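Enquirer: Take a look at the letters that make up each chain.
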Amino acid sequence: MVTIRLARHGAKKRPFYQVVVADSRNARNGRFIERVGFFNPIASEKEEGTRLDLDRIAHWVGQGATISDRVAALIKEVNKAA
Amino acid sequence: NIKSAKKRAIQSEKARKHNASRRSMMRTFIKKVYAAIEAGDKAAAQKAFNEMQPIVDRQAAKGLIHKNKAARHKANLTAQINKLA
Amino acid sequence: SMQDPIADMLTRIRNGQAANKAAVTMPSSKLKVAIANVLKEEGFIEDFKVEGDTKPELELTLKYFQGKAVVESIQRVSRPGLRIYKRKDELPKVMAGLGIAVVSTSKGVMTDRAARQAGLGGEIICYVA
Amino acid sequence: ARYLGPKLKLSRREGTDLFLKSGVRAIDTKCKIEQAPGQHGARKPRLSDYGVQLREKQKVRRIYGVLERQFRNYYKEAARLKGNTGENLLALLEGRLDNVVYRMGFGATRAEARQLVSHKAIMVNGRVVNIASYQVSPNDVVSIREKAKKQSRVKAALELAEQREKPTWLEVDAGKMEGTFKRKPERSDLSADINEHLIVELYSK
Amino acid sequence: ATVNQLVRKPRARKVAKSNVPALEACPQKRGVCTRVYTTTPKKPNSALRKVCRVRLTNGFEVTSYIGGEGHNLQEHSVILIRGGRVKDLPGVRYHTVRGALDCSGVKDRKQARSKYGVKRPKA
Amino acid sequence: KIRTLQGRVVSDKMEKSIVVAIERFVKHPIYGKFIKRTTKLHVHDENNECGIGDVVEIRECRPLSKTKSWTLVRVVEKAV
RNA sequence: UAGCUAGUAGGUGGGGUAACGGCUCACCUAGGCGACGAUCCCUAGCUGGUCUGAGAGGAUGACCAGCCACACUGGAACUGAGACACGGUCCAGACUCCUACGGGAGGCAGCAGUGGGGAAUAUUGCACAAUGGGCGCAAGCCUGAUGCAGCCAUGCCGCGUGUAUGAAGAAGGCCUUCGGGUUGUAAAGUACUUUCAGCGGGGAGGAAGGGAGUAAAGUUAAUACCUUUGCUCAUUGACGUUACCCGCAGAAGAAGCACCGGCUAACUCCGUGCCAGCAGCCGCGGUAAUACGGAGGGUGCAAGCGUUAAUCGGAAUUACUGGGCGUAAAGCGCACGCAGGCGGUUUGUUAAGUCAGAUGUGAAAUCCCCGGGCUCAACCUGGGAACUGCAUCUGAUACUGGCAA
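First to last, the protein sequences are chains I, u, 7, 3, E and J. So in the entry's author numbering, the last one in the first sequence is 82, and the numbering has no gaps at all. So in the entry's author numbering, the last one in the second sequence is 87, and the numbering has no gaps at all. So in the entry's author numbering, the last one in the third sequence is 130, and the numbering has no gaps at all. So in the entry's author numbering, the last one in the fourth sequence is 206, and the numbering has no gaps at all. So in the entry's author numbering, the last one in the fifth sequence is 124, and the numbering has no gaps at all. So in the entry's author numbering, the last one in the sixth sequence is 83, and the numbering has no gaps at all.
Check each hint, because a few of them may be wrong.
Unchecked claim - Keeping only pairs whose Cα atoms sit at most 35 angstroms apart, straight-line, the calculated DSBU-like set for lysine-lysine is: (1) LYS4 (chain J) - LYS16 (chain J); (2) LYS94 (chain 7) - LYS36 (chain J); (3) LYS16 (chain u) - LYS5 (chain u); (4) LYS19 (chain J) - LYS85 (chain u); (5) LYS88 (chain E) - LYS44 (chain E); (6) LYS111 (chain E) - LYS58 (chain 3); (7) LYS121 (chain 3) - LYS156 (chain 3); (8) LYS36 (chain J) - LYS89 (chain 7); (9) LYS10 (chain E) - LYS89 (chain 7); (10) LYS36 (chain J) - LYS108 (chain 7); (11) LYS87 (chain 7) - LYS30 (chain J); (12) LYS43 (chain E) - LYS88 (chain E); (13) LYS50 (chain 7) - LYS22 (chain 7); (14) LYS111 (chain E) - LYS45 (chain 3); (15) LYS71 (chain u) - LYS69 (chain J); (16) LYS94 (chain 7) - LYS30 (chain J).
Said to hold, decoys possible - Pair ranges (Cβ atoms, derived): (17) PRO93 (chain 7) - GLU172 (chain 3): 49 to 57 angstroms; (18) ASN126 (chain 3) - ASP55 (chain I): 36 to 44 angstroms; (19) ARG6 (chain J) - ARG80 (chain 7): 32 to 40 angstroms; (20) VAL130 (chain 3) - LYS46 (chain I): 14 to 22 angstroms; (21) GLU77 (chain I) - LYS148 (chain 3): 38 to 46 angstroms.
Think of the hints as simulated: they come from the structure by calculation, not from any bench. No residue lacks a Cβ here, since even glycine has one placed at the ideal position from N, Cα and C.
Let's have the full structure, built from the sequences with the hints guiding it.
Expert: See below:
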């Protein structure tokens with residue numbers, strides 16, 4: 001199974017999640033096929049907080065990739081524009 | 003060691019016994035075939051080949067011989083009989 | 002034996018400038034006339050003249066600006082022992098641009114300015130400073 | 002992490018007024034400046050080349066109140082920025098928040114300005130900044146909070162702001178007690194006597 | 002020097018081995034100080050230099066200088082050898098860390114106090 | 004097309020096979036001198052047409068023995 | 001360390017594997033590798049990278065990430081999509097343990113933790129709230145991964161130990177040509193400020209989902225059930241007396257370490273007298289020692305500072321960039337010559353080197369640039385550049401090479 005999932009990369013008490021496409025049996029912050037966006041749960045209240053490449057996500061779900069609950073929640077957040 | 007590894011130990015023993023029996027019957031049928039090719043017998047070996055074909059295809063489908071091996075056998079043995087007949 | 006006639010040419014010009022020689026003769030070839038045409042074009046020699054029929058002889062009328070000599074230091078870069086082939090980005094400037102470096106590019110024998118403008122590197126023959 | 006000692010001693014080893022006690026009175030008058038930085042201070046040093054470079058770096062740090070690892074980091078940042086490393090280094094020292102509070106006349110010295118900055122009496126852009134080395138960007142408004150406004154110090158400090166030269170790259174205005182750092186100070190806009198090539202060459206050995 | 006000669010056989014600078022075989026190149030080692038001596042120096046100097054001879058923890062039997070005025074070492078006295086040559090004595094390559102395992106700090110010392118194992122006097 | 008190499012036969016005497024030396028001409032990483040450098044390859048040929056001292060083109064295929072992952076396409080320049 | 005190799009090198013045929021293959025066997029051939037360094041010996045996990053360097057290089061490969069190998073030691077397979085399997089099986093061995101003496105049991109190089117070894121390196125913590133994994137339709141269960149907390153100045157970064165005024169230039173210390181000088185605006189005095197620590201209140205964010213009701217659509221015989229989308233209702237935080245904000249009292253709780261002969265910033269007095277001792281090199285000390293030990297004074301760094309170990313630099317002292325060889329080290333005693341390196345001159349062809357462009361790749365992080373978020377910084381992060389390479393295709397043909405004359 002390949003999974004589009006989050007991978008924790010920020011500092012302590014300040015996570016920055018990068019949404020990647022990994023073979024699901026790798027580690028979380030390990031090996032991935034391609035990274036496809038990010039998700040900062042803070043970032044500030046400025047402009048984005050999250051961008052996420054929907055074309056490549058649709059490509060991988062076309063291939064057979066699964067999606068975790070957060071990535072599904074983010075696609076349900078950034079629906080097409082908002 | 004104290005787990006569900008005990009269950010995998012006993013299951014792998016049980017399946018070892020089952021697979022050993024089926025693997026042994028398969029090998030005896032193939033020995034029938036190219037032990038009939040050891041003598042110059044065409045129709046005897048064809049009868050043995052027809053006797054081994056469903057069991058080798060079947061053990062390929064059941065999952066213990068991994069069908070390419072299945073194919074090899076019959077391929078090799080077909081060659082032997084049309085080396086002979 | 003003679004194994005680098007280009008460095009021999011540049012030796013003739015260094016030792017002609019160093020001896021206040023008016024003109025310098027040598028055996029001639031296509032590459033020496035190409036280099037000599039670059040040197041006349043860039044102003045380091047006064048003129049050249051190839052004579053002879055069966056044994057051509059290149060002759061360089063040298064320059065002297067004041068009492069001093071114009072060709073301050075001519076060096077051979079891509080010698081036969083070790084040849085030096087630079088790209089259009091690696092292509093050096095000599096005396097911070099005040100002194101050309103004769104590069105043999107596929108389009109012909111040019112300077113460093115002319116071949117960096119032409120967009121193509123090559124085999125860097127000599128530094129004239 | 003900061004100096005905490007005799008100040009006019011530091012101003013007396015350098016031979017030059019480092020503006021370390023600006024305060025109430027005029028030019029020193031009780032310093033014995035030039036005369037004796039210690040017991041053998043009456044001796045002329047006959048200073049070396051390392052001594053002049055070192056002593057220039059110490060002049061600048063002892064002016065702006067910076068220690069060595071922090072100064073050295075300013076030299077690395079001034080080196081990597083595009084342009085002139087001496088001028089970039091003074092631009093990094095002049096954008097310090099305690100310095101900008103000193104230039105606006107909110108503190109009498111840079112240590113008093115550093116205590117105003119330190120004791121949460123100073124906002125930049127409407128946010129309180131507690132940090133002496135905050136790097137004030139151009140077109141910023143740095144002001145005093147409602148607490149520690151109309152305290153004596155800052156008033157007196159603005160009183161002695163008019164005795165100095167009114168820096169060109171600021172909007173000093175003391176009515177509202179707010180200031181605007183407008184642009185980066187040009188090298189020709191500050192002090193004229195520090196030799197920053199000596200500290201470039203000091204760190205580049 | 003000719004580039005062909007370097008293709009055939011490249012340049013090679015030697016290894017420049019260590020002055021201090023305190024093995025593994027460890028900062029300190031500990032030893033047992035098999036004996037304690039005083040030893041006369043080389044020619045331009047004259048003194049009696051207080052020097053121990055030590056069986057280290059890695060097997061090596063090395064001799065080691067004892068810094069400062071007066072020590073309390075005697076023959077078993079497990080010390081912490083340091084590394085650092087005393088040039089004036091032929092063949093000592095090490096020092097003892099004063100203020101370490103069984104090597105007391107130098108008595109009645111006030112300056113350069115950290116390098117002799119002496120605590121700050123309360124005043 | 005296919006990627007192929009050219010080289011010369013260095014020895015001959017093996018039972019439907021050959022061995023070919025390849026001359027790559029590579030710059031030294033430190034010294035900047037272009038140096039010749041060989042690559043001997045065990046190469047297969049059905050019916051062993053090429054003899055010693057030839058020049059032959061050569062492509063890569065599946066393994067045919069130990070080393071031997073190379074097979075000729077065209078024998079050129081056999082001249083003795 | 002100059003010879004190594006008999007399943008060895010190749011062939012034919014049989015077998016074997018998921019798959020090519022001496023992978024294996026029978027037969028045939030007598031090869032194969034090697035001075036472009038085989039074989040043997042010593043050492044070593046490899047890489048992205050890290051440290052140093054102007055660079056080229058040199059050293060290294062802790063954390064983080066990719067690959068490999070190992071799981072007490074030696075071997076073997078079984079189950080399985082996948083293992084010749086860290087917390088599986090079997091055998092053997094060493095050790096440790098139980099025993100009724102017949103036999104049994106175990107494997108921290110998982111996380112904590114012990115004993116030992118060592119100059120040296122941490123808690124037998126909290127939680128699955130987040131992210132991820134396994135199982136499950138799901139709820140949920142498990143997770144020493146992970147999130148966090150504890151200890152440690154081990155590093156990097158930030159802040160603090162106040163601020164202004166203050167000459168009677170106080171006393172005391174040290175020096176003094178006994179005039180004074182210096183410590184020194186230093187302290188005390190006076191006037192202000194409360195960062196952080198202490199005390200008391202307030203209080204984000206990491207929380208998205210999940211559960212229970214509806215409404216609509218889809219499916220359907222069905223307005224059931226299920227799925228999806230909206231809406232409503234209670235809820236879900238280990239960290240955590242959180243970050244942060246406000247109020248309180250008072251300068252109140254908060255400065256050492258090395259050095260001062262030259263190199264190398266910073267000097268005198270006293271004690272000692274080739275001693276005691278110092279020292280990185282030069283070297284100090286045998287009676288007035290700016291070098292030893294103390295004091296006063298100063299200098300440098302600063303919650304650090306020194307010493308030691310190790311690397312690169314300086315070291316152009318292995319020189320590719322970038323050195324030399326008459327006399328400093330260095331031209332074989334002289335030749336002939338194979339392999340090697342280099343090769344006059346003209347024309348044509350090729351285009352291998354060389355050059356130009358394109359494409360694929362050169363993982364992400366790291367370095368660099370322009371921005372963004374933590375009060376700033378360290379840190380985290382968005383986009384680019386870069387990864388100097390390799391392969392393929394398209395061209396150019398001056399130089400080098402191949403070929404022909």
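Enquirer: Look at each hint and say if it fits the structure.
Expert: Okay, the hints, checked on the actual structure:
A distance of roughly 31 angstroms separates the Cα atoms of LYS4 (chain J) and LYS16 (chain J); the hinted pair therefore holds under the 35 angstroms criterion. A distance of roughly 22 angstroms separates the Cα atoms of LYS94 (chain 7) and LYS36 (chain J); the hinted pair therefore holds under the 35 angstroms criterion. Among the hinted pairs, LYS16 (chain u) with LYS5 (chain u) is consistent with the structure: their alpha-carbon atoms are about 18 angstroms apart, no more than 35 angstroms. Proximity of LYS19 (chain J) to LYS85 (chain u) is assessed by CA-CA distance (about 25 angstroms); at most 35 angstroms being required, the pair is judged to hold.
With a C-alpha separation of about 12 angstroms, the suggested pairing of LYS88 (chain E) with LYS44 (chain E) holds against the 35 angstroms cut-off. Proximity of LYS111 (chain E) to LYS58 (chain 3) is assessed by CA-CA distance (about 32 angstroms); at most 35 angstroms being required, the pair is judged to hold. Taken as a hint, the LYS121 (chain 3) and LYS156 (chain 3) pair is honoured in the structure, with Cα atoms around 17 angstroms apart against an allowance of 35 angstroms. Among the hinted pairs, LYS36 (chain J) with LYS89 (chain 7) is consistent with the structure: their alpha-carbon atoms are about 20 angstroms apart, no more than 35 angstroms.
At roughly 33 angstroms between alpha-carbon atoms, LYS10 (chain E) and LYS89 (chain 7) fall within 35 angstroms of each other, so this suggested pair holds. For the given pair, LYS36 (chain J) sits about 24 angstroms from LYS108 (chain 7) by alpha-carbon distance, which is consistent with the 35 angstroms threshold. Simply put, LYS87 (chain 7) and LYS30 (chain J) have alpha-carbon atoms about 13 angstroms apart, close enough for the 35 angstroms limit, and the pair holds. This hinted pair checks out: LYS43 (chain E) and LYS88 (chain E) have alpha carbons roughly 9 angstroms apart, not beyond 35 angstroms.
A threshold of 35 angstroms between alpha carbons decides the hint, and for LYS50 (chain 7) with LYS22 (chain 7) the separation of about 16 angstroms falls inside it, so the pair holds. Only pairs whose Cα atoms come within 35 angstroms are accepted, and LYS111 (chain E) paired with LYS45 (chain 3) is accepted, the gap being roughly 31 angstroms. Of the pairs offered as hints, the one joining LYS71 (chain u) and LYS69 (chain J) holds, with about 24 angstroms between alpha carbons and a cut-off of 35 angstroms not exceeded. Among the hinted pairs, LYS94 (chain 7) with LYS30 (chain J) is consistent with the structure: their alpha-carbon atoms are about 24 angstroms apart, no more than 35 angstroms.
Under the hint 49 to 57 angstroms, the C-beta atoms of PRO93 (chain 7) and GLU172 (chain 3), about 51 angstroms apart, fit the expected range. Taking 36 to 44 angstroms as the suggested C-beta distance range, the pair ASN126 (chain 3) and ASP55 (chain I) conforms, at roughly 39 angstroms. Range check, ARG6 (chain J) to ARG80 (chain 7): Cβ separation about 35 angstroms, and the 32 to 40 angstroms hint holds. Range check, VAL130 (chain 3) to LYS46 (chain I): Cβ separation about 20 angstroms, and the 14 to 22 angstroms hint holds.
For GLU77 (chain I) and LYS148 (chain 3), the hinted distance range of 38 to 46 angstroms is satisfied, since their beta carbons lie about 42 angstroms from each other.
Violated hints are absent here; each numbered hint is respected by the structure.
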